[PDB]
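First comes one chain, alone, set out as structure tokens in the form deposited without the partner chain.
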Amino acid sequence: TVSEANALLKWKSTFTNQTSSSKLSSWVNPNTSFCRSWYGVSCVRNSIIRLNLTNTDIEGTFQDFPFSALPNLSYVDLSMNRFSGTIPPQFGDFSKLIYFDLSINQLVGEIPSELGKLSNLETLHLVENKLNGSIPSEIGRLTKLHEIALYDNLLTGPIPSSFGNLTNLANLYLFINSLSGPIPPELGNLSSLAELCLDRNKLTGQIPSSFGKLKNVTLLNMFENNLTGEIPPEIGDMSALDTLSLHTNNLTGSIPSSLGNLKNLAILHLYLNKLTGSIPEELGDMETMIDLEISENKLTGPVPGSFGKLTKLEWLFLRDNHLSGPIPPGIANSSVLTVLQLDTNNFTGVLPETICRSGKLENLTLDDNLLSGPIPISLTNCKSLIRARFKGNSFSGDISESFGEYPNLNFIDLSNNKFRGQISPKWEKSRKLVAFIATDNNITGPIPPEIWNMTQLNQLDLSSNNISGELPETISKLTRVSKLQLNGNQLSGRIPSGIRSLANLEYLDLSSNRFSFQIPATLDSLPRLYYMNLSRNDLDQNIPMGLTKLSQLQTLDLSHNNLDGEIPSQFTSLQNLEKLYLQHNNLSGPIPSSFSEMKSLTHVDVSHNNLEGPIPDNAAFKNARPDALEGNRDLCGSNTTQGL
């Protein structure tokens, strides 16, 4: 003991970057107070049995640790320190050791197989180091082990089959590592196992069919491995399971119907695999299921109608599969279902009337299916909606009657459907709505002016519809819009000057419309605008000077209009202009030949204009095709179509 105190002092004397304020200040007077006042030291019969120096800012190694001098150690916690070097084999010499923790440290090298000498060890903790090499097989000798945690290391090789001999192991955590090879089937002998976490490794091979003997495992995390084969139906015999996560693997075959026998399973993660076949209707018998995610697979056929029996279902992720048939009503019938994502499948028919029956549905994704028919009325009145995506379907109906007021709506996408009718002012009640996308529908009538009062709107896409009327100057109220797409409609009259005020505008498209008269001379106040498409309109007269004061333009398309006069020399301030399309206008005069100053002009079309003179000195004019430069009155100094 005084010998133990002296030995520990010699070890302390090797620590580096220590401070006067370190808790090891109490290591004084070895002859009298080793067992009564030394921090981290506790004794029985005046001999140290417990060394607990966790989180004491110790920087050092275990090279000079006095293994020989502390024979009676049974509790060693040296975690959360700055220990470096390796774990010496002499740690296996502490024959009374029960608890061993060296976890949050900077240790390197392999685990000494001599740890298998620690026959009294019940807890082994070495997490969050840089330990490499294979896990020693002799660790399977430690039959009193209750818990092994080796996660967040650089361990390689297979899990030793000897671990099947650890009949008292409750928790096996090995997750953040590079463990390899097949999972040893002997793990099925761990009858006391409760938590098995092998996730985030490089495990290959099949899931052992012996896993069905693990009747006390509640958490089986094996996600983010390279497991192949099919999910063995024996997994359905792990009756105590509440969390089964096998996602991000290379599993194949069908989902075993035996999963329906897991009456305690609340979380099932099977996504990001290559599962095929139909979803067994028995999967509706997992009465406890909360969070069911089998998305991103190759599942086919219909979703079983028996899903109506999953009364605790909250999250259902079936996106990116090949599911077919109509969506059965039981799929949305859970009173607590808040997320129902079905997008990127082959669902047909109309939406079931059960969609928002409880008024709790929040996120609904249906993108890229073959669905049709009208919006069910419980969805029209789903006041709890937050995110609704319908893009790429054949939904039909009066858009004003099909959608109620959605006060919690954040994101809605109606793109690529057959919606008719006029945009209702009801959308202004969505005061949190940031994006409203309705491209490629049969919307008609005017844009209600309430839309411009939606100052929170970040993205507005009404493109490719049959919307008409003149845009009012109150459009300026869309303070925070950054993507504005009204192209492909029959909007008429002058472009409102008020677009000047949309300071956050980045991408503006008013092309393919019936806007007439001069482009607003005032339109020079969009410093974030990198894209402006005014093409295919009825705009006339000289190109306004204001456009040249917008700095960040990358693409500018004013083609297919009746603009006349000369191209401004004062384009020079568009040093970031890359693509410039001015074809099919009535522009005149010479190109200023200050376009040599323009660095980034690569794609330019000036065809079918009344311009004359020589092309300027920059790439796009050299790289222009005949169509790009044709149609002008007097082209080039030597009447050329290519090569000066």
The other form holds:
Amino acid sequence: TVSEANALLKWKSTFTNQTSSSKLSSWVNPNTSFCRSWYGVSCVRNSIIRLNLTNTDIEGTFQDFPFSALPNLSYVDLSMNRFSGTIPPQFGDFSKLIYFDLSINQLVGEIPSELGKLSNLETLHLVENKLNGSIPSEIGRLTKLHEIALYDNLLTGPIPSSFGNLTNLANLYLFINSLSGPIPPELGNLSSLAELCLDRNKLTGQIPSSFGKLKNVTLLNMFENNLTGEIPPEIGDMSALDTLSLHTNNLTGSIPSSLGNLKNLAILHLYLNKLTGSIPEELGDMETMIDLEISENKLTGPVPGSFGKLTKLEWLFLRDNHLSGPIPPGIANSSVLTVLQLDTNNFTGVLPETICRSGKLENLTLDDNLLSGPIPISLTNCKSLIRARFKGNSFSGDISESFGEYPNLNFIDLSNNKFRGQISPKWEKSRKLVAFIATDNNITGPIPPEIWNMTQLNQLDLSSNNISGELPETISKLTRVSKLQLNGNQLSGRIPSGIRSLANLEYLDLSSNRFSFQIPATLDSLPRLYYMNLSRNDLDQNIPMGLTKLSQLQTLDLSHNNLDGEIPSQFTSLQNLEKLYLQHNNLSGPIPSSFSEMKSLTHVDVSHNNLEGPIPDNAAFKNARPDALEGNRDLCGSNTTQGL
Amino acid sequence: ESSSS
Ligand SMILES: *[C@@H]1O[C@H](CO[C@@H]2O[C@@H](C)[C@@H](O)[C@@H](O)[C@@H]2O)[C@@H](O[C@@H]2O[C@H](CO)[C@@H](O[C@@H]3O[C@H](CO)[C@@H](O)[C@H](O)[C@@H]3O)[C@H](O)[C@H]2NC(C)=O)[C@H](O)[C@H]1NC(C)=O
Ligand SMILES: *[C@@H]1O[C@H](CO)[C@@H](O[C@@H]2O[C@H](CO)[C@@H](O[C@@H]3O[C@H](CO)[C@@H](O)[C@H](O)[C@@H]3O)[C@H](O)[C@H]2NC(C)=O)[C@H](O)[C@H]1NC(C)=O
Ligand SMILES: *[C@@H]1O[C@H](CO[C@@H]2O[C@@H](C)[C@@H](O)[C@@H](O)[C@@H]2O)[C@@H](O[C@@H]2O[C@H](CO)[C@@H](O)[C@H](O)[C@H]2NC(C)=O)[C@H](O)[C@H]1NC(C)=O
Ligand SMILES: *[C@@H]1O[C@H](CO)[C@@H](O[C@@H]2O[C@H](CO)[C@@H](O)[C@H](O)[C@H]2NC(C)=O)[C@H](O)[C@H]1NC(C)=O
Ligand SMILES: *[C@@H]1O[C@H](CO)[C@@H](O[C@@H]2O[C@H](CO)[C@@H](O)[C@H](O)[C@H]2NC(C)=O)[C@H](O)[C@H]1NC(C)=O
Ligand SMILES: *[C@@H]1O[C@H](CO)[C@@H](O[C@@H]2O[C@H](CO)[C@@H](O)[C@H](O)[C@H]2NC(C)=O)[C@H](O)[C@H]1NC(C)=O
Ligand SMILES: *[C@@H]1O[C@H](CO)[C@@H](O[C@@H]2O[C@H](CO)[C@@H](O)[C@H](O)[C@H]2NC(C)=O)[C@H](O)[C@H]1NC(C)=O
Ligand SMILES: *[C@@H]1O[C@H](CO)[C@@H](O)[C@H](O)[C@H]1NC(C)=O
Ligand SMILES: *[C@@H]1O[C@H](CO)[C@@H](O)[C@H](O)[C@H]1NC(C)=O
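Please could you give me the other form, the form deposited with the partner chain bound, since above is the form deposited without the partner chain?
What follows is the entire complex, opening with the chain shown before.
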């Protein structure tokens, strides 16, 4: 004891980078205050049995730890410190040790197999170190072990099959390591096991079919491994299971119908695997299921209509599969379903009438299916909608009567469908909407002026419709729009000068329209604009000087127009320009003396113009093909179609 | 120390 206090003082004297504030300053007067005043020290019969120095800013190693001088230690917590070096084998000499914690340190090297001498150990904690090598098989001798936590280390090798001998183990935490080989089937003998977390390892092989004997496991986490084979049906015998995560593995075969026998399963994560076959009908009998994610697999066939029995279903992720047939009404019948992911599948038919029947659905994705028909009325009135994605389908109907008011809408994608009718001003009620994408529809009429009052809009895409009318100057009110795509419509009149005010604009496409008259002279106030496509319009007259004040331009296409006059010299201010397309115009006059001053241009086209004179000295001009440069009145100093 | 994943 006095010898115990001296031994710990000698060890303390080896600590480096210590201050006077250290709580170990109380290690004084070894002869008379060891069991009463020393921080972290506690004794029985005047002999230390408990050393709890967690989070005491100790920097040092265990090389000179007084193993022999503290024979009666039973609780060692040295965690949350700056200990380095290895775990000496002499730690196995503490025959009375019950609790052993060296976690959250900078320990390196392997776990000494001498820990298997610690026959009284009930808790082993070595997490968040850099321990490498294999887990010693002799740890399987510690049959009083209740919990092993070795996670967040650099451990390799297989899980020892002796671990099946730990008949009292309740928690096994080995995640965030590099454990390999097959999971030993002897783990199925751990009848007291409650939590088995082997995730984020490099485990291979099959999930052992003996896991069906783990009747007390509530948490099985094995995700982010390299497991192969099939999910054994015996997994359905783990009746206590609450969370089952096998995602990001290389599992194959079908989902076993026995999973429907897991009456306590709330979370099931099987995503990012190679599962095939149909979803068994019995999956609907998981009455507790809250969060079902089997997305990113190769599942085929229809979704079972029994899914209407999952009355606690909140999240359903079936995206990126080969699911087919019509969507059954039960898939969306839960009153608490808030997320329904079905995109990237082969669903056909029309949306069921149950979609938002409880007014609580928030995210709905249907992208890249073969769905058709009208929007169900419960979806029209789904005021809780936040994200809705319909891209790449054949949905039909009047876009004005198909979608109600969506006060919580944030993102909606109607692209690549057959929606008809006119854009209603109801969208302005979506005061939180940041993106509205409706490309490739049969949308007609004008853009309602209320759209320009959606200052929160970041991205507006109405391209490839049959929208008509002239754009008002109130377009300037879209303060925060960065991607504006109105191309491929029948919009007419002059381009509004108010686009000047869209300071956040980065990508602007007004091409393939009926915009007439001169490009606005004032359009010089877009410092973030790197793309502007005005091609295939009825614009005419000189290219304005205002365009040349958009320094951040990288692509600029004014082709297929009726612009005339000379190309300005002032383009030199567009030093960040790379692609410049000016073909199919009536541009005339000589080439500017500059365009040597630019070094970023890589692509150009000036064909089918009345330009004359010599080509300048830049790569795109040297690298131009015949199509790039033909059609002009007097091309080059030496009448050349190609180099020099 | 000793937390579920
Ligand atoms: C398990 O890890 C230990 C410790 O390795 C050290 O810590 C790791 C977290 C990484 O940062 C390693 O890069 C780091 O070295 C390994 O033991 C260590 O082995 C290396 C060689 O592999 C030793 O480095 C040598 O040092 C001597 C001088 O002492 C030189 O002559 C050599 O040229 C070489 O640089 C290092 O000293 C040693 N550390 C010890 C023993 O504490 C161990 O090999 C590794 N086991 C595995 C990966 O199975
Ligand atoms: C060394 O001293 C520290 C500081 O007192 C101890 O940390 C404390 O440890 C206990 C467990 O022994 C923690 O209580 C636990 O709380 C959770 C959640 O409420 C509960 O589910 C557990 O059953 C347990 O009761 C306590 O939170 C924790 N306190 C802090 C601040 O971390 C440490 O355990 C001591 N170690 C030894 C070996 O004596
Ligand atoms: C292509 O342009 C020529 C040149 O007209 C230019 O137009 C001015 C705005 C200015 O840029 C000047 O450099 C030119 O005058 C057109 O040829 C003109 O045609 C009009 C009749 O429409 C005639 O009165 C002018 O005298 C012509 N000028 C010349 C130099 O011939 C030509 O018609 C245009 N072609 C197309 C398809 O638009
Ligand atoms: C602390 O450890 C010492 C041994 O280092 C224990 O002393 C032994 O106690 C047993 C049981 O009374 C005796 O049979 C031995 O002869 C003792 N050996 C020595 C060298 O004294 C002591 O009992 C331990 N104390 C506690 C509280 O565990
Ligand atoms: C298990 O599946 C993963 C998928 O995450 C595979 O990792 C990919 O392998 C191929 C290369 O062969 C590529 O798709 C990527 O480079 C890998 N990483 C990804 C997609 O994130 C892994 O190879 C599979 N293991 C097998 C088949 O044994
Ligand atoms: C479900 O809700 C939103 C609907 O847009 C999804 O998108 C994110 O929403 C937050 C706002 O809470 C934004 O900050 C993110 O930028 C959005 N992400 C994207 C990619 O747009 C949200 O991710 C969804 N949550 C899920 C499916 O769990
Ligand atoms: C600007 O947008 C138009 C479309 O309005 C793009 O035109 C396409 O050009 C490619 C070759 O350059 C053709 O194969 C396509 O058929 C064209 N599409 C249409 C609808 O005509 C044009 O390329 C864009 N300008 C750019 C990208 O600089
Ligand atoms: C002490 O801390 C300093 C600064 O973090 C570090 O450079 C040094 O290596 C540490 N150890 C010793 C013995 O000084
Ligand atoms: C588990 O304990 C039994 C008891 O004798 C022993 O025979 C067996 O070898 C142990 N398992 C391993 C993997 O060592």
